[PDB]
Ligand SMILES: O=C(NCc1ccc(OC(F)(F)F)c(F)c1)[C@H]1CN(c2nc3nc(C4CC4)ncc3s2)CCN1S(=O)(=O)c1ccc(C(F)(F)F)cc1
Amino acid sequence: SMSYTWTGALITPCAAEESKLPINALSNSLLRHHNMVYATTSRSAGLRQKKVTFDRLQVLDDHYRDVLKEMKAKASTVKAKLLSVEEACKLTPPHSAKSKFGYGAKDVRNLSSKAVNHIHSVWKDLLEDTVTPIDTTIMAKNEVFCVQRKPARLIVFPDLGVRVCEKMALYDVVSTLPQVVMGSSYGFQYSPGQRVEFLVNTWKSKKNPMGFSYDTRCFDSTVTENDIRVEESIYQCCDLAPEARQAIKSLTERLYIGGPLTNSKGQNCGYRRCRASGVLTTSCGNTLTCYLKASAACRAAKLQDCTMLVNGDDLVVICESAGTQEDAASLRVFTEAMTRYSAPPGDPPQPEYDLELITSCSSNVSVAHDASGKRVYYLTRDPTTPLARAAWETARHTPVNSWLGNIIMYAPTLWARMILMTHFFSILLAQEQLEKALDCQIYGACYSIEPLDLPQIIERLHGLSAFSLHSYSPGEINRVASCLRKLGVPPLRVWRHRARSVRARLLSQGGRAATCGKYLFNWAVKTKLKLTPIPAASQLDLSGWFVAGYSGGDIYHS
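Kindly supply the structure of this chain on its own, in the form solved without this ligand.
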């Protein structure tokens, strides 16, 4: 009933934590108001604990039951396979948190017999014991933001050996099942370009469209033990091997429904009875559970001709409007239904009648034109956090490069082309690291990407128009303007000058480098080059990029 109970032991760091943006000239050239940029630390841990600790009340009705029955039926068409130990090992990130049992990620990846032997014993234990709660660690996340402060987030995860067994038992399931159950409503099957297409068309398919996002207050904590058993029952509808079924049942009872929390120093911090953020089923479980409750809520609210898009706890609904007054009332009913299901709103949802004003996944659809003047929809967001994090990553070394992932996800946008591409390609030129591969996250999963590949990647993901978008919407440009003012970032005038310098230098190098200069920076020059299709675009292995979400699931690809 209580999401968390606490011993009073502190959530402790594992190493010294930085919360301040250090000052050098390179980072300051990006962003002036460095005092607005912070990183959360375990020092705010207790504040987060307050927010996520509460009692959960839950009342199901017929709509909920009908929707679950429909989900299990589609789930019943799925055949999922156990992963071999070696397959599961390959999926482990190179710097994943080491086991407390005397081996690390590299040992796992290397198929060390100490690591493999232990993983066999964990697995055998899972099969033999389906009761004893499995230990987890709780840490405060170190994440960068821009002031107006957010308390750090808490991450909860089992030992490396357990995580590997998770992959063996459930990786196939969480990679295939969600899309089958939810169909087109499953958000992680889309690249950003594809998510725009689905949204734009869904909107155009309605005679008189209304739409809204719905933000659940601290979603992971609103997830009940019943919720977590319900997901398990959905997994079990799959055609599964008997070992898998047994391992899934055990992981569910021992790990997923809850368990003891141990801090960095090995002290017991308390006990969890809600979603864990750092396990393999977090994304799929939250997405299945968010979809089930919202689908039933749509029915309780009698929304007509509903289409949903769900990414974990992030929900957007587009339906037929019944009129402005009736719409307002409908959304209140919807909200009341969600609340009974245990998913109360963080902010009360609001009807929208313009697709571009709907924010989900912190992003929205906007419009611009290609070289031919043709309309083009593209996905964008407020640049603030991406820019704050770019400043941090310029001033410090970090394992994940969010700027790289943002360039890939938001390449069509003004701010990613004008600032991110210009800034970092300038830096890589100086360091002569254009060829060096970097790690970034996509839908939770870690990928190693070569910056010089960006032109092809962008062409594959967004299309050639990504390199010629212009006349952006005034509202979007105003939002970028406000952000640059707030953070103290140079205007288009400055970045155009910088981009021309970077473009020139990339050209003189020829090769893939000249291609980056030609495609990524054609916006910076007054005489435009032609920019035909890049013949290397069609040779890229992007098959697994946008299939499923893995946030917190410890997944690495390629």
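Residue numbers count along the first chain shown, from 1. Heads up, when I say rigid core I mean the largest set of C-alphas that superpose within 1.5 Å between the two forms. Compared with the form solved in complex with this ligand:
- With the core held fixed, the Cα of residue 542 is displaced between the two forms by 2 Å or more.
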Given for the second form:
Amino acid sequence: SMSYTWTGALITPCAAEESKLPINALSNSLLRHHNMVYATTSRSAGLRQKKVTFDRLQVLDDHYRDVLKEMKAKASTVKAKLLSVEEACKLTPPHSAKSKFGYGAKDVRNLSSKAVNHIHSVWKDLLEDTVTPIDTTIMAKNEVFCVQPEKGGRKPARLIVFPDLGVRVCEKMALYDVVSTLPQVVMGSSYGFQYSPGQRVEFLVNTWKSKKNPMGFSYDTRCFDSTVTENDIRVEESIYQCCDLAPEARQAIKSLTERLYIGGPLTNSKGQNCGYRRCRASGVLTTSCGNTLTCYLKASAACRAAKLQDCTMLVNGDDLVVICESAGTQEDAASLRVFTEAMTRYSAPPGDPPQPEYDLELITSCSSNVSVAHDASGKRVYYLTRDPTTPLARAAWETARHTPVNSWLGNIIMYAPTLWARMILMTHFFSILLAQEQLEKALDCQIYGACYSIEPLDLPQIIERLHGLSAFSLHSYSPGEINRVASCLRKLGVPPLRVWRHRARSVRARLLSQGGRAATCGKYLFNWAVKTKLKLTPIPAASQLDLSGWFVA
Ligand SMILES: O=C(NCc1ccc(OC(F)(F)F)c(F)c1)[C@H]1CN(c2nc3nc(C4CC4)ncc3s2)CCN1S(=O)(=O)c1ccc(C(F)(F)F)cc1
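Would you mind giving the form solved in complex with this ligand, to go alongside the form solved without this ligand above?
Following is the full complex, with the preceding chain placed first.
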């Protein structure tokens, strides 16, 4: 079936959409080439519609069936609980889109009677009706990028699809505990979301080291969400139903699958019918868990089809990276084409065709590659980095305009051991927070679908917990990583690393003068900036840390 059909009514904005970086004093000190930075608007939604609209052909085989049987057997060991309305209300993110039935997220979290009893009515309707498609809103997403003269051109807006707030709370009732617990049982060490960056780089490196003769590849599915078929979503459902579930959870999971997850009508911000979806919606509770299960099932079956030896999968939503034993040069190239043919029959055709790699640092996965530095002892330490272009473009944008979501903060947390997050992002934003006197103010950040409220003053213990103490002493980064950063700063008109070192010495001194947590920030986050280093010891609060958040679905 077609992933989408369209009526021709437009995907419309609801807020005023800005596309260009504005004139700013603080922003210009980050990057000068402001004209290289753009934000996607609804005006490019038509171009995205074309990319994501296509017929899916899907043919399944015994390898696919065998893998599924094994997954269902694991899933049969999981017991999940049905949350009450009130419990699911408390798990709703603070800034979630308001209901069209006259209450918003703040009312849901407060357990407002109008909100609670509406959700009860939505639940009752899911129990009685397993068929009628549930309405969804389609919106163009506004995201910031930098122009790439080498790439094809400017990226079109992504499209998001989400049901009403009351339906979103019912999803948590039925499925929050399942999406929380089932994937790690079914997929074990292949399940990507159980890992911090320290733990994911450790798993990738040790998986690579464990092979007699390693080969790996990333596999990039073209428009993964659109390749997910109604059958895939029902197969997903059949996995979930293997859990030990309350009878009302079983019924609501069936209804949510048939009425929402497999597809339904799309409504724009003006309330016009835009069309119909028969693939994955980006804004439902099961999208990360379902995409990870589906990608793992297809990949695992395809590994058996291609006869890859000892193939270790690492799956994070639609992100797939596979590390296996090489069968030799020619045999690996052939086997990866057969892997790709099997993924294609399963309706997961590649964007870029995959290629075997024999150096772990050459694989890109979760937009990131493994790189090497040295800790305070001189020991080799592996960590994940990425091209800093997009983080820096978005950082420039968030400096100039007020944004509800702070990509700079999520990038500091996920890329803390990197040369660029330490030298530029930490120095630049701590300088801003000091001058605004906002060091204590909690900020929202979103990381791969989970939302957190983070005070910048707690970054040292958060980084230690996610990365280890070495994240504050890394030095002697690789020439290729230094060159990539240096080159990106010249391209964007960002001051060179030597300028940041000087700005960081000043930020660091001013933090130390404040004592308390600010001084701990100056001591740990900026020990790299000073000639004579302080002795950095494990932070006490790094053990006792609430690293939990909310799903934004
Ligand atoms: O995405 C994550 N881990 C995977 C990952 C991805 C890219 C990586 O590489 C890169 F980018 F680092 F290079 C990398 F290494 C590691 C994030 C988010 N999480 C999530 N748990 C989920 N669980 C689900 C379940 C429903 C299916 N869905 C979605 C999410 S998102 C929990 C685990 N992490 S995390 O341990 O890194 C983290 C915990 C707490 C904070 C805090 F400090 F903010 F609190 C900040 C980060």
